[PDB]
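A.B. asks: Fit chains B, C, D, E, F, G, H and I with the ligand to the known structure of chain A by using the hints.
The primary structure of each chain is shown beneath.
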Amino acid sequence: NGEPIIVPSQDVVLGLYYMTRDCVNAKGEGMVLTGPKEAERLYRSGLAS
Amino acid sequence: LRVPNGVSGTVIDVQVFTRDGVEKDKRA
Amino acid sequence: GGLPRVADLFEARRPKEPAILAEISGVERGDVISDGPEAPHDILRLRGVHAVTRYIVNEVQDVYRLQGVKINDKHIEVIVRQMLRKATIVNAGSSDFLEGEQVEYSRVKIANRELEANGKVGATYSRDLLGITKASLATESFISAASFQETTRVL
Amino acid sequence: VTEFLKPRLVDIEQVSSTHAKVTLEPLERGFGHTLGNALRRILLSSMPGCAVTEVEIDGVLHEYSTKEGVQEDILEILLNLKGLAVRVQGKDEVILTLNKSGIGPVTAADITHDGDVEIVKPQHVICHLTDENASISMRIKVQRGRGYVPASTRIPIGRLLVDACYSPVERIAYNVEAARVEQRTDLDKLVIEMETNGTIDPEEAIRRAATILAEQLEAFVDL
Amino acid sequence: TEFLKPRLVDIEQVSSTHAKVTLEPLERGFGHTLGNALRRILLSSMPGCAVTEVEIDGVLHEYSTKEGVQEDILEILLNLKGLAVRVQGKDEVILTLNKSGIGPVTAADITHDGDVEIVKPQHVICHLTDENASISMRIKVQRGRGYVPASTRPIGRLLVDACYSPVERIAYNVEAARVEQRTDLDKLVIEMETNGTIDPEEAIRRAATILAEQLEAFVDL
Amino acid sequence: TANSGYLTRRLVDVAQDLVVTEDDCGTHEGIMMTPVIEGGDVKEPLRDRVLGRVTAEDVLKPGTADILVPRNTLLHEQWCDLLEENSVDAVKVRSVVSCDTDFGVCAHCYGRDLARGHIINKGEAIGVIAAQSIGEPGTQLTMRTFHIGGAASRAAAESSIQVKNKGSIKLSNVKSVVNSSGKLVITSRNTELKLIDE
Amino acid sequence: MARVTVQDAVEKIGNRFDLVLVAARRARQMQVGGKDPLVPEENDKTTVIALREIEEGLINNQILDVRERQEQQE
Amino acid sequence: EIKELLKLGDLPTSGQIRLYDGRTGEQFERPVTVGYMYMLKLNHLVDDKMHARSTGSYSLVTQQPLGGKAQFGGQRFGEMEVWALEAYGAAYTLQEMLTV
Amino acid sequence: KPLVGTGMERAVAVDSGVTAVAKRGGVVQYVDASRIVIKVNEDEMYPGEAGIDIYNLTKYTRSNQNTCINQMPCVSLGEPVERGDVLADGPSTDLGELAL
Ligand SMILES: [Zn+2]
Numbered sequence: 001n002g003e004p005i006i007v008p009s010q011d012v013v014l015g016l017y018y019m020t021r022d023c024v025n026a027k028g029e030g031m032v033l034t035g036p037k038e039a040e041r042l043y044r045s046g047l048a049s
Numbered sequence: 001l002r003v004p005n006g007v008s009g010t011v012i013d014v015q016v017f018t019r020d021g022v023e024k025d026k027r028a
Numbered sequence: 001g002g003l004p005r006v007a008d009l010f011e012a013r014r015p016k017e018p019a020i021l022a023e024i025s026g027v028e029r030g031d032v033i034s035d036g037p038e039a040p041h042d043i044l045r046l047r048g049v050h051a052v053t054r055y056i057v058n059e060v061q062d063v064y065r066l067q068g069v070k071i072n073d074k075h076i077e078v079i080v081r082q083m084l085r086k087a088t089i090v091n092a093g094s095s096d097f098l099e100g101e102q103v104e105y106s107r108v109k110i111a112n113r114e115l116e117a118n119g120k121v122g123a124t125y126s127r128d129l130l131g132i133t134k135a136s137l138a139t140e141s142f143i144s145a146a147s148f149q150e151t152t153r154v155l
Numbered sequence: 001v002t003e004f005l006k007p008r009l010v011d012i013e014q015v016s017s018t019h020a021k022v023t024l025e026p027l028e029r030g031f032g033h034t035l036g037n038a039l040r041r042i043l044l045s046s047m048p049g050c051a052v053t054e055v056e057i058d059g060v061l062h063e064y065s066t067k068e069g070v071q072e073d074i075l076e077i078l079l080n081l082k083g084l085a086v087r088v089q090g091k092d093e094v095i096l097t098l099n100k101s102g103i104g105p106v107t108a109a110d111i112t113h114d115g116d117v118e119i120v121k122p123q124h125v126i127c128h129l130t131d132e133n134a135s136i137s138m139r140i141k142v143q144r145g146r147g148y149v150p151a152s153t154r155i156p157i158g159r160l161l162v163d164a165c166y167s168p169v170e171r172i173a174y175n176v177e178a179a180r181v182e183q184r185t186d187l188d189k190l191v192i193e194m195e196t197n198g199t200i201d202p203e204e205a206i207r208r209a210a211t212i213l214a215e216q217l218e219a220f221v222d223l
Numbered sequence: 001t002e003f004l005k006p007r008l009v010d011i012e013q014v015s016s017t018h019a020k021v022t023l024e025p026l027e028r029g030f031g032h033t034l035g036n037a038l039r040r041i042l043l044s045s046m047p048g049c050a051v052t053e054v055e056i057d058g059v060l061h062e063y064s065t066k067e068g069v070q071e072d073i074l075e076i077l078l079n080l081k082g083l084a085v086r087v088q089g090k091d092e093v094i095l096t097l098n099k100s101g102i103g104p105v106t107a108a109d110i111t112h113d114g115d116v117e118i119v120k121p122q123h124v125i126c127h128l129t130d131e132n133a134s135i136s137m138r139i140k141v142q143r144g145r146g147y148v149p150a151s152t153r154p155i156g157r158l159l160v161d162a163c164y165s166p167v168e169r170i171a172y173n174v175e176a177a178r179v180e181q182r183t184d185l186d187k188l189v190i191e192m193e194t195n196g197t198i199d200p201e202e203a204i205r206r207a208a209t210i211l212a213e214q215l216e217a218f219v220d221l
Numbered sequence: 001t002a003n004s005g006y007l008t009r010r011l012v013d014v015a016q017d018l019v020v021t022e023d024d025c026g027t028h029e030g031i032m033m034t035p036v037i038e039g040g041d042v043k044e045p046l047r048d049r050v051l052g053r054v055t056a057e058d059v060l061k062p063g064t065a066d067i068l069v070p071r072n073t074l075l076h077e078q079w080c081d082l083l084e085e086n087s088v089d090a091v092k093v094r095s096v097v098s099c100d101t102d103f104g105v106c107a108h109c110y111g112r113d114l115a116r117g118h119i120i121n122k123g124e125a126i127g128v129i130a131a132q133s134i135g136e137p138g139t140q141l142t143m144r145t146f147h148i149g150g151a152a153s154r155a156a157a158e159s160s161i162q163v164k165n166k167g168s169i170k171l172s173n174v175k176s177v178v179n180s181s182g183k184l185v186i187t188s189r190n191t192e193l194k195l196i197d198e
Numbered sequence: 001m002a003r004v005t006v007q008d009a010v011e012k013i014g015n016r017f018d019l020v021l022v023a024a025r026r027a028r029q030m031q032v033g034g035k036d037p038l039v040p041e042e043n044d045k046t047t048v049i050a051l052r053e054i055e056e057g058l059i060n061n062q063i064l065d066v067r068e069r070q071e072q073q074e
Numbered sequence: 001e002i003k004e005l006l007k008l009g010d011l012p013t014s015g016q017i018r019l020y021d022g023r024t025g026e027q028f029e030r031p032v033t034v035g036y037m038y039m040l041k042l043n044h045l046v047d048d049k050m051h052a053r054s055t056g057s058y059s060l061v062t063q064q065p066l067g068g069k070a071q072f073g074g075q076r077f078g079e080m081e082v083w084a085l086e087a088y089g090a091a092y093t094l095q096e097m098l099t100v
Numbered sequence: 001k002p003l004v005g006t007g008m009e010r011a012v013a014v015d016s017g018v019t020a021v022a023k024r025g026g027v028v029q030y031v032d033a034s035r036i037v038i039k040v041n042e043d044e045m046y047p048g049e050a051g052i053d054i055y056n057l058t059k060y061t062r063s064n065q066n067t068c069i070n071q072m073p074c075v076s077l078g079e080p081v082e083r084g085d086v087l088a089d090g091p092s093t094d095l096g097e098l099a100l
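Chains as they are written, first to last, in our numbering: chain A, 1 to 49; chain B, 1 to 28; chain C, 1 to 155; chain D, 1 to 223; chain E, 1 to 221; chain F, 1 to 198; chain G, 1 to 74; chain H, 1 to 100; chain I, 1 to 100.
Chain A extracted, bound-state conformation:
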């Protein structure tokens, strides 16, 4: 069939939706950012959730 075979599973999805899922009133909510690089810097530095 047309569906692909190499599909991430198990741990990969576990990490992925945890990255993409949102929460209410986390640390750093309601902030404006320049781009994804600032988001990565803020996450790795611990200034934002």
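None of these hints come from the bench; they were simulated from the model.
Careful, some of the hints might be misleading.
[What the hints assert, rightly or not] Cut-off 20 Å, straight-line C-alpha distance, at most; resulting in silico cross-link-like pairs (SDA-like, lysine to any residue): (1) D/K91 / E/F3; (2) E/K66 / I/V4; (3) I/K39 / I/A11; (4) H/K7 / I/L3; (5) A/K27 / D/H19; (6) I/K59 / I/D43; (7) C/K109 / C/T88; (8) A/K37 / D/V15; (9) H/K41 / I/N70; (10) C/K86 / F/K122; (11) D/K6 / E/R206; (12) H/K41 / I/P73; (13) E/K66 / I/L57; (14) C/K70 / F/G104; (15) F/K122 / G/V48; (16) F/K122 / G/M1; (17) D/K189 / E/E216; (18) E/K66 / I/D32; (19) F/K122 / G/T47; (20) D/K121 / D/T18; (21) A/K37 / D/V88; (22) H/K41 / I/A99; (23) F/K122 / G/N61; (24) A/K27 / H/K3; (25) F/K175 / C/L21.
C.D. replies: Just chains B, C, D, E, F, G, H and I with the ligand, lined up with the frame of chain A:
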């Protein structure tokens, strides 16, 4: 030549059996 | 619980309680007289290869859909085309085939094309439907049939 | 014994003016993670530099307010100012004035020049003036500092605070692979991919971080 | 824009193997940076001494037994693996043990030597159960770092796995402090748990030297 | 697992021979693909029913004397989106069984090979692929039986029928009688109910 | 690039099963014959040099047949 | 009873504690379930299952390599693998695995 | 030993026959890595018997699956011994319990 492939260890026991009548030789 | 239904479908086993279909219109062709399971042979010989292909594909997909597995229809269509390869000739015509014989359909097609090319009369024939075991055991080549099963008979 | 392997900076590849990759091989097993993490933390959170921290526009008072004659939003103006890179030589705090009238884009070349201020990228866009008659006059505060200081943590009626990204580093990352000297497989290879905002080259930033860590460690080493 | 360089302010020894070392003052964000690197260096790169070869007069291999000793030869080697020793100025040294009569054959039975030092004389190697029975062993002690299996490295010489690392547990912590009326500063407290072979300050200085020597290469040229 | 393997082997040994041999036989007839639904939920929409199948005849849009797509063309994703936008009901596509080639099948009738993403080339063994595709799920799902823990996979039979969406009622091939209550009592074995929108 | 995927290599030919061009003639005449590779080797083993050649566009069935005809004459 | 026994030993009742990353020294975001569990080493060791052959001795009636690690024999390329190679259309690999 | 068990380990270990159980009570007169000698109590000895029990242990003999079978004494000199007490531990045993 006789110890096989990669397995390697220490010789812990050696037994010998010879046919009856023939005298044992050397180590036996 | 469902795989034996697929095996029976691909083996073209008799329903043992067949439904009655009107052979000749006059009631129309292919109509139902008494309700019941419809044998694939009757569906074929009353409605052409397309109807039996639709029936087999729909039944197999119905069996496979409950489990949730997705299989494209063209594979089942290839298998169905593979089952029906033999034909029974009703009128000999100018060809060398005699009376009602089970012969390969392609040889009949080239024979008819050649006779039409030479300004003669062609042959008239009807399909057959065979199970995968019978179809595989009855082919042009004997090495494949011997290597399949029943080596003694084929050899 | 008390001796270890020395990688000696195997290679550096420059993707662009401010993007680079650095590869070192080989390393003692497990030293790659220590070096990479220490360098990453130091580069990301402790390097000092100068950046914009606050702004003042006479026309506006509120961050969510509106001002006519400009296509870009106020938040967009704040973000564009936040992205601006500045070099200062001999002053801690600098006041800059930006005034512009006409129709078209507004870039860093329009900012009034000061003695100690240097702009790496005049091509940086600040806003767009779609109204010909309307004019914009604004004041910018530049300070020298260390690391990232969010505006929410810190908090002049018309002063709008700016998230100051003082550290020149834009993005830092590292990865560890397996290297092999003869008859040794457990060793390590360290690759560091870095990208700055144009104030200094990434190699100089790596050197500064290593120097800072060395000075921090200068007190305990016997030699 | 001034960096404060930390110093080792005091050393505490709760026991003969558990110690606490405090570094102060530290800038914000540097306590973890120093602590994690120090832990990863200390847990893997500290030097030490261990046992590599044990020779007993009356045995041929590990899978054998001697009359009078309760334990197997394998358990004797496994007990000798845990011996803690100190050597001053030699790379490899040879120790001799001789005992006769019923009793626990312990580390204190090793012949006293000028430079080799024993940390735990109460550590037990084996037991003797017969009056006429007697035991005599020779031990070889080397110096190194890391874990070196015997497989990686005369009939009657028994090779034993070597665990040179003298450090067993490291736990660091960062705490708030008030040093010079600056609330940004903090202090680093490191807890070390070893076998009693390496002194804490020497280990800390060795780790710092190792990290500085590794950092020397990051001056791009 | 033995029954599944036997079925797979029989399929492989019956359908080992046919391979692509020609590009275009030139025939016209084909089977009519229509969407399939099971009681209110479309299991297979029309998009994947003819995804990668070449059109046979009269695929014109529901506008008289105007053709949406020409004849003997392969349906891509954009073509399928075009069909969905105009909401075509059913389409006649040529299939493998109704092919005139000898000792094999031609490339166009088979359609797009699903592994590569374009039309099938010449010389690809279709039969072995089809046999393996039909044979794998049976044995795999047989082996994966103990994962669920042996719990019965029994769904309660539905006593009644409630329509999910509003629309006109439709009865197909029905023979019925009216009892005292006046409700239509079904007296045919194969009565079917189809829900049709306005 | 070329070592990972051969999609660009087969785009020039248009038939995946027509790898006989790459292997039976080009790689063989490189390996056994004295024929010199066109593109720089980059320390690559043979059969990846040829795939790179077809990917860029120097090698195809017509070109190899024409060259064979050229060495047919004396 | 398990919770009471944990509380007696001065350990968290929930059975999960905060863990720290070994490489970065950073706290894991959520508490992690850690404890003591009893593990066994089954008698299927990779030291014995590993095998490889290039060229050895062959059978008598059918000149094919023998089967088994003891005899230093090759692996079996059965019917299903041949079907897979045919499905790929690999005609030269099959011809070398059947003759050469 | 398994930290969490079912209490059925002792029965399996005792009834397996790998261990060396005490036939008669007494006091361990002599213990060694390959022998045990027990001085039987007064009321259990026969009128003409010497009154000693001698147990010989099995040291490093292969099993059917090429594993190792070994026995280690678990008593010291002068310990009292009752009937059925475990004198020595066989393979996968720890003080008369099954330890896998
Ligand atoms: Zn066709």
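A.B. asks: If a hint holds in the structure, say so; if it does not, say that too.
C.D. replies: The hints, checked one at a time:
Restraint check for D/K91 and E/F3: the C-alpha separation of about 19 Å stays at or below 20 Å, so the hint holds. A hinted pair counts as satisfied when its Cα atoms are at most 20 Å apart, and E/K66 with I/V4 does not qualify at roughly 36 Å. Of the pairs offered as hints, the one joining I/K39 and I/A11 is violated, with about 26 Å between alpha carbons and a cut-off of 20 Å exceeded. A threshold of 20 Å between alpha carbons decides the hint, and for H/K7 with I/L3 the separation of about 18 Å falls inside it, so the pair holds.
Restraint check: the Cα-Cα separation between A/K27 and D/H19 comes to about 30 Å, which exceeds 20 Å; the hinted pair is violated. At most 20 Å may separate the alpha-carbon atoms for a hinted pair to count; I/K59 and I/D43 exceed this at roughly 33 Å. With a C-alpha separation of about 13 Å, the suggested pair C/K109 and C/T88 falls inside the 20 Å cut-off, and the hint holds. About 17 Å separates the Cα atoms of A/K37 and D/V15, which keeps this hinted pair within 20 Å; it holds.
For a cut-off of 20 Å, the pair hint linking H/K41 to I/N70 stands: about 18 Å separates their Cα positions. Distance hint between C/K86 and F/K122 is unfulfilled; the C-alpha atoms sit about 26 Å from each other, more than 20 Å. Only pairs whose Cα atoms come within 20 Å are accepted, and D/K6 paired with E/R206 is accepted, the gap being roughly 17 Å. About 25 Å separates the Cα atoms of H/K41 and I/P73, which puts this hinted pair outside 20 Å; it is violated.
Distance hint between E/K66 and I/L57 is fulfilled; the C-alpha atoms sit about 14 Å from each other, no more than 20 Å. Only pairs whose Cα atoms come within 20 Å are accepted, and C/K70 paired with F/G104 is rejected, the gap being roughly 26 Å. Distance hint between F/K122 and G/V48 is unfulfilled; the C-alpha atoms sit about 25 Å from each other, more than 20 Å. Between F/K122 and G/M1 the CA atoms are separated by roughly 28 Å; this puts the pair beyond 20 Å, and the hint is violated.
For the given pair, D/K189 sits about 17 Å from E/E216 by alpha-carbon distance, which is consistent with the 20 Å threshold. With a C-alpha separation of about 9 Å, the suggested pairing of E/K66 with I/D32 holds against the 20 Å cut-off. Our distance criterion of 20 Å between C-alpha atoms is broken by F/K122 and G/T47, whose separation comes to about 24 Å. With a CA separation close to 12 Å, the supplied pair D/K121 and D/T18 stays within the 20 Å bound.
Note on A/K37 and D/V88: the hinted pairing is violated, with a Cα-Cα distance of about 25 Å set against a maximum of 20 Å. Taking the CA atoms of H/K41 and I/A99, the gap is about 12 Å. The hint holds against a cut of 20 Å. Between F/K122 and G/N61 the CA atoms are separated by roughly 18 Å; this keeps the pair inside 20 Å, and the hint holds. At roughly 33 Å between alpha-carbon atoms, A/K27 and H/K3 are farther apart than 20 Å, so this suggested pair is violated.
For the hint linking F/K175 to C/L21, the alpha-carbon distance of about 18 Å falls within 20 Å, and the restraint holds.
Checked against the numbered hints above, the structure breaks hints 2, 3, 5, 6, 10, 12, 14, 15, 16, 19, 21 and 24 and satisfies the rest.
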